[PDB]
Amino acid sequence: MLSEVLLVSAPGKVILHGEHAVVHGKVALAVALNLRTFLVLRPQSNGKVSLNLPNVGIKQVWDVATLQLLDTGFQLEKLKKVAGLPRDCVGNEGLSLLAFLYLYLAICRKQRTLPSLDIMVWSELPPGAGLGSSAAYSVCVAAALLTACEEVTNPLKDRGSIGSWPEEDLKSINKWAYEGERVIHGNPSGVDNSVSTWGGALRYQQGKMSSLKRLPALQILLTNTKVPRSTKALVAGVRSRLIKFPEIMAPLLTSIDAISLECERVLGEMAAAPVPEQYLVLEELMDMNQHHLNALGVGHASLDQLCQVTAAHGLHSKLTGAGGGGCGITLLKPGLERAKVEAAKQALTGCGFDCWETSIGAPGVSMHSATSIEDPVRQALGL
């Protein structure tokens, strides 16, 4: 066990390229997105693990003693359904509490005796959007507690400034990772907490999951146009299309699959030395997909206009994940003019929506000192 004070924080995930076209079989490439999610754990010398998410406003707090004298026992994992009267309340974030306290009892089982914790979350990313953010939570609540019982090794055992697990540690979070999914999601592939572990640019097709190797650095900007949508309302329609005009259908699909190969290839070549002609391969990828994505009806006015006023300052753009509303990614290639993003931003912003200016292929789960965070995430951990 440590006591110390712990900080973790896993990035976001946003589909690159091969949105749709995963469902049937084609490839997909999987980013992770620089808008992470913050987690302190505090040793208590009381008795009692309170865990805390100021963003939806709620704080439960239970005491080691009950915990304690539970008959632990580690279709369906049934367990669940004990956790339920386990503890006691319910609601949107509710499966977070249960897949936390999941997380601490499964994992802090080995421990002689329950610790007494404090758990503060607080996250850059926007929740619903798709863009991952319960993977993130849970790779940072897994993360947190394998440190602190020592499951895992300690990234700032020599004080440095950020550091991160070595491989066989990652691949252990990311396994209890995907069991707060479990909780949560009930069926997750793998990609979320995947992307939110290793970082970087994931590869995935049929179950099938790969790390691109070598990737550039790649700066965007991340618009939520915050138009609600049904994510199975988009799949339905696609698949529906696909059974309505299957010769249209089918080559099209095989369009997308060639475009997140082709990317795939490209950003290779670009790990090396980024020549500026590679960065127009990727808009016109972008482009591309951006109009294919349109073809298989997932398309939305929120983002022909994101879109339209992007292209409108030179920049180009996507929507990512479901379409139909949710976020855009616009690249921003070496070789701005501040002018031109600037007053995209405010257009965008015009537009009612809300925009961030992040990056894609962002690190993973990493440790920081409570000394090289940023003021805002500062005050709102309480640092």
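Numbering follows the first chain given and starts at 1. Between two forms, the rigid core is the largest collection of C-alphas that superpose within 1.5 Å. First, how it differs from the form deposited in another entry.
Summarising the superposition on the core between these two forms, the listed residues 235, 248, 295, 90 contain exactly one with a Cα shift of 2 Å or larger, 90.
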Second form
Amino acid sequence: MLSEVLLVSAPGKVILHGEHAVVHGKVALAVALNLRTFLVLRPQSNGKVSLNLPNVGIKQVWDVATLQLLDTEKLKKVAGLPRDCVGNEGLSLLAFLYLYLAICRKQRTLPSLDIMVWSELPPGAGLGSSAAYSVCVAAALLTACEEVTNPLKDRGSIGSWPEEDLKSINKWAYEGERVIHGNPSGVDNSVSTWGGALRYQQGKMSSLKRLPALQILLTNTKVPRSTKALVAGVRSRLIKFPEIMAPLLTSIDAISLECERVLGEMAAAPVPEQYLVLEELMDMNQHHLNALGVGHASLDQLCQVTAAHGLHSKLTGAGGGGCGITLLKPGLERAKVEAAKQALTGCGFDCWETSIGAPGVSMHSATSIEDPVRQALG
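Now show the form deposited in another entry, given that the preceding structure was the form deposited in one PDB entry.
Partners and other molecules have been left off, which leaves just the chain.
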């Protein structure tokens, strides 16, 4: 057990290319979104572990005494420890407990902690915020129970864990996603742990070696959608017009592959003509997705406003609403981008200017933390 206060942060994700094509065997590219989730863990004296989730406005307190006397599927039983009430986010408090016991069990006394979680990620918008949360939790606990090295052992500003350690973090982050999702693939938590870019084919994942600096505008239309529905309609259209749909899917597959090739050649020396290829790829993937049938008026609107300012975008994820991405290459005029944001907001959409291909699980010194975050954390 450590004593110092731990501060860890993990990024969310966006599907650059591949969205619906992956369901049919095609390649997809998932990348770390720099909209992070922070978790501050404070050691305590009182025999109580308190998990505090501001966002979802819920706080829960357990007393080590009771949990320490609990006999250590498994889920049903776990629910009999805290309770069983309302909350789609109630599974999270269940995912915390699981991660808490299973990881600290090898301790001769369950520690008394205080966890503070606050992210910049909009929940449910498909940016994998629950994995970012699981990763943060598994990372803080693992470090507190010294099951993993302490990145800031040398009192650095910002730090990360070594490969062997990141693997332990992911494995545990995954169990936590299993409890809340049931059958998660592992892309979300893998993206949150290793950061950077991920390649997903048919159950197999890899980590693109090197990525360039990519600036984007993340837009949330707040339009609610049914992921189960979209995927069904696509499969439906795949059955109705097979000779039309089959090729289309292959076309999207080629877009992921092409992007993979370019990003790699950009990691060398980013020539301006490389951003031109990327936006052409986005333009085409957006049209293909509209063809698949997962488009939405709020999304055509997002692209229309954006193109009006010379920017290129594409939906990201399930389509039919949700978020969209817009590329910001090196050289645009502060004015073009600034107006797009205003326009986007006027439509009633949330808009963030962030980055893609983000760092990954990180430990921060309380002085590396910005002000807005520090205010929400302490």
